[PDB]
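The primary structure of each chain is shown beneath.
Number of protein chains: 2
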Amino acid sequence: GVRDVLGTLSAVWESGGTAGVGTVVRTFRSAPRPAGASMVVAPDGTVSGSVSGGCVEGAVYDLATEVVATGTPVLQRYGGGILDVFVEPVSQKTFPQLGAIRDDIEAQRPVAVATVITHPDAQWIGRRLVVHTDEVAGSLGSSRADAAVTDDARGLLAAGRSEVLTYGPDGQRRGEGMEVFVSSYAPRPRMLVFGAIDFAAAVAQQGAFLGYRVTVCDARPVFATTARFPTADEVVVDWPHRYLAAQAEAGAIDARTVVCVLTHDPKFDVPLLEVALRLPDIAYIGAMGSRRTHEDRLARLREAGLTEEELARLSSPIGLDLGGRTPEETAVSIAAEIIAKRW
Amino acid sequence: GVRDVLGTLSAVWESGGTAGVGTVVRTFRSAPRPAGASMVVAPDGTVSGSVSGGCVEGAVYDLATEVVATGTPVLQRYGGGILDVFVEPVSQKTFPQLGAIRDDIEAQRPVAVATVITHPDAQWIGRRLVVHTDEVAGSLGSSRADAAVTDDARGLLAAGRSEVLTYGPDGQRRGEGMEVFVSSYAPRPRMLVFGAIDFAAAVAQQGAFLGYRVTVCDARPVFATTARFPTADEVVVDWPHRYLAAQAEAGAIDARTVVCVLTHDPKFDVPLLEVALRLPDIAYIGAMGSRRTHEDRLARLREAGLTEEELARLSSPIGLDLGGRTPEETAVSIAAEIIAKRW
Numbered sequence: 004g005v006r007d008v009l010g011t012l013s014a015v016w017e018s019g020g021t022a023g024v025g026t027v028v029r030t031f032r033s034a035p036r037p038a039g040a041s042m043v044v045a046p047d048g049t050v051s052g053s054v055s056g057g058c059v060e061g062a063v064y065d066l067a068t069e070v071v072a073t074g075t076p077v078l079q080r081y082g096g097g098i099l100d101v102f103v104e105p106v107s108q109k110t111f112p113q114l115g116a117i118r119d120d121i122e123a124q125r126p127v128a129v130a131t132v133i134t135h136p137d138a139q140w141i142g143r144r145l146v147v148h149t150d151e152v153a154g155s156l157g158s159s160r161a162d163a164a165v166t167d168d169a170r171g172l173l174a175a176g177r178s179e180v181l182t183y184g185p186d187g188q189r190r191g192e193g194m195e196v197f198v199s200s201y202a203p204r205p206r207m208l209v210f211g212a213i214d215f216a217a218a219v220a221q222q223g224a225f226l227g228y229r230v231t232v233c234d235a236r237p238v239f240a241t242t243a244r245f246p247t248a249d250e251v252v253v254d255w256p257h258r259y260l261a262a263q264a265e266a267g268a269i270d271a272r273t274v275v276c277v278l279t280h281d282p283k284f285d286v287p288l289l290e291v292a293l294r295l296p297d298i299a300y301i302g303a304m305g306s307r308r309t310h311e312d313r314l315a316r317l318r319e320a321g322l323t324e325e326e327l328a329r330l331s332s333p334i335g336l337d338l339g340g341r342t343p344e345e346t347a348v349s350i351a352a353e354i355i356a357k358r359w
Numbered sequence: 004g005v006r007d008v009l010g011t012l013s014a015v016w017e018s019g020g021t022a023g024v025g026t027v028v029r030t031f032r033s034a035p036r037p038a039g040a041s042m043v044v045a046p047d048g049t050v051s052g053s054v055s056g057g058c059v060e061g062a063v064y065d066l067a068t069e070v071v072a073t074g075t076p077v078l079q080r081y082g096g097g098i099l100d101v102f103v104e105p106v107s108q109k110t111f112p113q114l115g116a117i118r119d120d121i122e123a124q125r126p127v128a129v130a131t132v133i134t135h136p137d138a139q140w141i142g143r144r145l146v147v148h149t150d151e152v153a154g155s156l157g158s159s160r161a162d163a164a165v166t167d168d169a170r171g172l173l174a175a176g177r178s179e180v181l182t183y184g185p186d187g188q189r190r191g192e193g194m195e196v197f198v199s200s201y202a203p204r205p206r207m208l209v210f211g212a213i214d215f216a217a218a219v220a221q222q223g224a225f226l227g228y229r230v231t232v233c234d235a236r237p238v239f240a241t242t243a244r245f246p247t248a249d250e251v252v253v254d255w256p257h258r259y260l261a262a263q264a265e266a267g268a269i270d271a272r273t274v275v276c277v278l279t280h281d282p283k284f285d286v287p288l289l290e291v292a293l294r295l296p297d298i299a300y301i302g303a304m305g306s307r308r309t310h311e312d313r314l315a316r317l318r319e320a321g322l323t324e325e326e327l328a329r330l331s332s333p334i335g336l337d338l339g340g341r342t343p344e345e346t347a348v349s350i351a352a353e354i355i356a357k358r359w
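Here the protein sequences line up with chains A and A', keeping their order. A prime marks a further copy of an entry chain. All the letters of the first sequence, read from the start, carry residue numbers 4 to 82, 96 to 359 under the deposited numbering. All the letters of the second sequence, read from the start, carry residue numbers 4 to 82, 96 to 359 under the deposited numbering.
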């Protein structure tokens, strides 16, 4: 979200200065910039970031300037496409937690910021909560408000999603009049590819293209090699099931994590799938195979003790069934399946 | 197919020498190399190309050596995965048309080679036909044989596909005992992207990834710029409908051609879709749009005179419906739709 311009925003913050920050909070009609996109105006008048495809930057720039002066935050609607921009003043006084959020982001700790952008009681506006998996700071001004937003915020966060939530003026689910924006900062989600066959390269590009960090992993050191996968974030040599087990235990995999089994060697894929099919959920567990391979794996897996409920979590054969033949088409059919299964 | 190693193969051919060429003709069980993959052994014993993931190169190498000596072509089956390899001797005497095929390939003229790989009458084997859209050279040894194979070959060729076809011993559709391999050399198919908005970049990478030549095209010279699309094969400034009309007229678009309309500006997309929806078929005509945009385009198009039959050829909104939101996910959903609609 503010990731692009955060360095600039921090420098203002640390230096005791006050920045005008505008955040796209809602988009309609395919407005150029997604929800969360930011624009920051430094004390000296410099602006980094973008909120629109230039279409309303001038307006927002002025709005940000005025906001710093009055110190009153403002939700503004512009309207190709309709944009909702929240403009707020940001400084050590107005936002004490910003330094720590900056550190969370660097340290890869998920964190979310929930800001009231609409409320019948003008004083509520601009109040915010900083949410972690395990803790929460600040107050909206009501336990019931704080309680609901915290829960919803953690959910979005776990999913890495940014969104506007609506409530009654005191936090009632389903009522109306209070809206809050939740801006989630989760680290890049990861894709784990087990089996360093040539085809992994193709899988890894689709992963990169979708914004996953791809780890490629294989027990055979000839296969699992930086040289053969120069674009993968990381190449590892291990027993796939030992690697996966360890990431689980270290909390290095979360619910957006995606796993591809590109091996049908019984020495590997069965221990692997025993670990993977039993993990409190993660987004996707796919296994590459023709229809023959897929039926023989399922058999082996049943014989290994997997239950139908566990087996259900498995996407096999891998990919949507688009009819593709070349490996590139299989790779796209996989990417398509990943997207589909999360929406 | 032989494209990788053709330079080497030609040099042998031109120099009066005889090469042993092995061609993967059929694969089973996800054998490493697709149908058409070649391996050529030069007179001096050098080998370029690959037929398997090293698994049977030694065997094939020897087979190719023996074949050159006896001058008798041989279909051989190996069997991870099962491979069918046709090994034949290639020289100016045994293959007079090879130079011209080499030139066709360079000049971008589609051409196909149909070779008998199985027949009850041993003399038939290795006989071949060279097929163009508009002509055919050589003989199988029977008008009925020649007639059937030519037709089927043109079809595959137009689709850029390589495959084994089966016949009765005299060309009877559906009989058995004679099989021929058709090895198609079509130029890269093309993807035409109309509308140089930022999102075109994402569309263009999926296109590249699938092996299309992507042309990006837009009337506005600020948008349609090498700088903004450095990976696109070609960037053009034109009225989309004038460009498309001209390619049709020059025979620069064929039935594997794919078209993406990324604009909903009425000044462009309507003339464009009038040209595109009326072209003797091409593979795909997609139009980007939300559901609102899509309904308004359809209306405009009806008002412009398009028929329901013509309108049917349109994929709108563009992409498979996977639920994606970011532009990368939309782009994959498009690629997925392209693959699906051709199989």
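Keep in mind that the hints are not guaranteed to be accurate.
What the hints assert, rightly or not - From the derived model, a few chain A' residues whose C-beta atoms are all more than 12 Å from chain A:
| no. | residue |
| --- | --- |
| 1 | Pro35 |
| 2 | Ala116 |
| 3 | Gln188 |
| 4 | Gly193 |
To be verified - Derived list of chain A' stretches under chain A, where covered just means 3 residues or more per stretch with a C-beta under 8 Å from a C-beta of chain A:
| no. | segment |
| --- | --- |
| 5 | 215-225 |
| 6 | 326-340 |
| 7 | 350-358 |
Hint data in this document are derived by calculation from the structure and do not stem from the laboratory. Note that beta-carbon positions come from the ideal geometry of N, C-alpha and C, so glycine has one too.
Going through the hints against the structure:
no.: 1; hint: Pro35; in the structure: violated (8 Å)
no.: 2; hint: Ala116; in the structure: holds (28 Å)
no.: 3; hint: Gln188; in the structure: holds (28 Å)
no.: 4; hint: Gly193; in the structure: holds (27 Å)
no.: 5; hint: 215-225; in the structure: holds (count 3)
no.: 6; hint: 326-340; in the structure: holds (count 4)
no.: 7; hint: 350-358; in the structure: holds (count 5)
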